[PDB]
Amino acid sequence: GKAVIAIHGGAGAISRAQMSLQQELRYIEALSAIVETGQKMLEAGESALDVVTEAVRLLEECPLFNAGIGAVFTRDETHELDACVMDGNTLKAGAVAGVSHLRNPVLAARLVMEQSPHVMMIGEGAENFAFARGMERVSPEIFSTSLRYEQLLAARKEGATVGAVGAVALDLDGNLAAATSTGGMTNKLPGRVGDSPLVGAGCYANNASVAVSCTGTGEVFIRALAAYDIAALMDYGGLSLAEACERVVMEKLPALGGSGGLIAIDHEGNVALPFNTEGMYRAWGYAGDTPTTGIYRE
Amino acid sequence: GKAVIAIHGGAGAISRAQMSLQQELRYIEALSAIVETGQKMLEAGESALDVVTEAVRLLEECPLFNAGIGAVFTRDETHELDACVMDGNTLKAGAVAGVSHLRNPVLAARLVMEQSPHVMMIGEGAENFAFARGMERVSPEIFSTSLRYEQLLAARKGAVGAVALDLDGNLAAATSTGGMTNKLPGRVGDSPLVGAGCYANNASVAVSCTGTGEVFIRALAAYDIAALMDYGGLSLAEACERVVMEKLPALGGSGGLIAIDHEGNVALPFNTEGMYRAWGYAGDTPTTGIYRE
Ligand SMILES: [Cl-]
Ligand SMILES: [Cl-]
Ligand code: NA
Ligand code: NA
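Chains as they are written, first to last, in the deposited numbering: chain A, 2 to 163, 178 to 313; chain B, 2 to 158, 178 to 313.
In short, the hints are calculated from the structure, not lab data. Some hints here could point you the wrong way.
Using 25 angstroms as the maximum straight-line C-alpha spacing, the simulated BS3-like pairs for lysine-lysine come out as follows [as the list claims (entries may be wrong)]:
| no. | chain 1 | residue 1 | chain 2 | residue 2 |
| --- | --- | --- | --- | --- |
| 1 | A | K267 | B | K93 |
| 2 | B | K41 | B | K3 |
| 3 | B | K267 | A | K93 |
Beta-carbon label-pair distances, calculated as ranges [unchecked claim]:
| no. | chain 1 | residue 1 | chain 2 | residue 2 | range |
| --- | --- | --- | --- | --- | --- |
| 4 | A | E115 | B | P118 | 32 to 40 angstroms |
| 5 | A | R17 | B | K41 | 53 to 61 angstroms |
| 6 | B | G253 | A | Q152 | 40 to 48 angstroms |
| 7 | A | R17 | B | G272 | 48 to 56 angstroms |
| 8 | A | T146 | B | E78 | 36 to 44 angstroms |
| 9 | A | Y311 | B | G284 | 48 to 56 angstroms |
| 10 | A | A223 | B | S255 | 17 to 25 angstroms |
| 11 | B | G272 | A | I143 | 14 to 22 angstroms |
| 12 | A | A223 | B | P118 | 29 to 37 angstroms |
| 13 | B | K41 | A | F132 | 45 to 53 angstroms |
Backbone N, C-alpha and C fix where the C-beta goes; we use that ideal spot for every residue, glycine too.
Next comes chain A alone, as it looks inside the complex:
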């Protein structure tokens, strides 16, 4: 009712013309079940950090979304997963990139925050650190789905001829947190890293300003520091969350050649879900209220 959660399952050319209602409902129902889990945790007095971690863990678990189970395939038919989490109370943050044997990247990220002096770990060393703290080793086949494999095959075909998930929360104690997780991009060059695991690019939170989670053209979200730039425009520029969101997602990012969106909640409990794309899988709801879910523009 000031406490609030927003989530996303990625932005993109998701085309209304090519979907059925029954297909859309699978996404709507997953979104709804997850935002409600977050709502229920918020209403029960769980921390913003626990809320966004659980939300993103469930988005990972869900094969419909490009993170954890259901991750897109790289060029080499492998999966490389990245995630970030940030606690706006302490301003601490943890992130992992390029991991393949961890079932839940957002939990590894959180482990990096809480059980290390560090913010970011990568690759096998990240995995090794996580295993030593008792996180399970998984076979990388575990994330693999036929739906995404065919999208790899279709992208290869296109090439011969011619996004992330996230959560942001404001809890009952006035804490902001954000978390972002991704399976990558279809046909990705192995070892490439986007905005998702990068503090200030794909994920950012600060009690004094805003919590932000992004999904989009990774390279533009990095170069523009999209998540922090929301914080800075509000903080130093004096812009409202709405103005900050218009400036970044509707003007700046597309000027740089970037497409996607983000979700944002400010310390006053304003929430915004801008995207410049056709669709962004998204949901939000205040604690003690009915959630709203969406796919397309309005």
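Once you have looked at the hints, place chain B with the ligands on chain A.
Just chain B with the ligands, lined up with the frame of chain A:
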């Protein structure tokens, strides 16, 4: 049209009492040579991008500094190297992290920038990318020094960077590191992260950072300087003051940064005992520094 360069070789616990004057002179000569190389380039009308790339290349080559040759050792006696470069005319950026078989990380980062659609590459994928563009594979033992190895043995009980404003009015920045003595393998500090260890924008400022990596990331120090100026309207001096002297210590962070704004203002703030640093205007005599004055 004041072209200027600044460089650094790390901030930290530089204490008079552990250093000899001969050691200190070597640093002063190294700093002086590289800044002068950079200065001449700028006088000759070279791009800010080429200048900071060359400056950081020289610091990587120089075994005195923790970047490229003379990199610190991880916990596993390996070398993991990270670098970033950013062009303020375009906002394009290249970065590598966790590389072991590339001699000049700053050059791999530059290759990422110019010869891929990407900003950041990590590990063996970053190395394969670079090898396929014709960059040479080295044995990882070529960065090894006994100065650094003995420091690993002892521990069992910062970065380099450059910023420049060129004669065309362009800003660029680059940073490179060997990381940390006894580092947990896989850890990544601010150096390769756009906006944390490295940032450049013709509209505002070029920044290279060095210090407690984690804090520089959490506070987004490099970009925060630009943001404070661009949105807050702070002078380069005010911004450097807020970030380095106030916000970073508030978060438990130590280190410093080098910065040049679009008007030619140069700043080299740090909150540690020392920062290896140097700067100089085009057509002018360089200045170097280790401690404070
Ligand atoms: Cl809709
Ligand atoms: Cl001195
Ligand atoms: Na998933
Ligand atoms: Na060196």
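For each hint, the structure was consulted:
{"no.": "1", "hint": "A:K267 x B:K93", "result": "15 angstroms, holds"}
{"no.": "2", "hint": "B:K41 x B:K3", "result": "13 angstroms, holds"}
{"no.": "3", "hint": "B:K267 x A:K93", "result": "14 angstroms, holds"}
{"no.": "4", "hint": "A:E115 x B:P118: 32 to 40 angstroms", "result": "35 angstroms, holds"}
{"no.": "5", "hint": "A:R17 x B:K41: 53 to 61 angstroms", "result": "60 angstroms, holds"}
{"no.": "6", "hint": "B:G253 x A:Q152: 40 to 48 angstroms", "result": "47 angstroms, holds"}
{"no.": "7", "hint": "A:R17 x B:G272: 48 to 56 angstroms", "result": "50 angstroms, holds"}
{"no.": "8", "hint": "A:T146 x B:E78: 36 to 44 angstroms", "result": "40 angstroms, holds"}
{"no.": "9", "hint": "A:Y311 x B:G284: 48 to 56 angstroms", "result": "49 angstroms, holds"}
{"no.": "10", "hint": "A:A223 x B:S255: 17 to 25 angstroms", "result": "23 angstroms, holds"}
{"no.": "11", "hint": "B:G272 x A:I143: 14 to 22 angstroms", "result": "38 angstroms, violated"}
{"no.": "12", "hint": "A:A223 x B:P118: 29 to 37 angstroms", "result": "35 angstroms, holds"}
{"no.": "13", "hint": "B:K41 x A:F132: 45 to 53 angstroms", "result": "51 angstroms, holds"}
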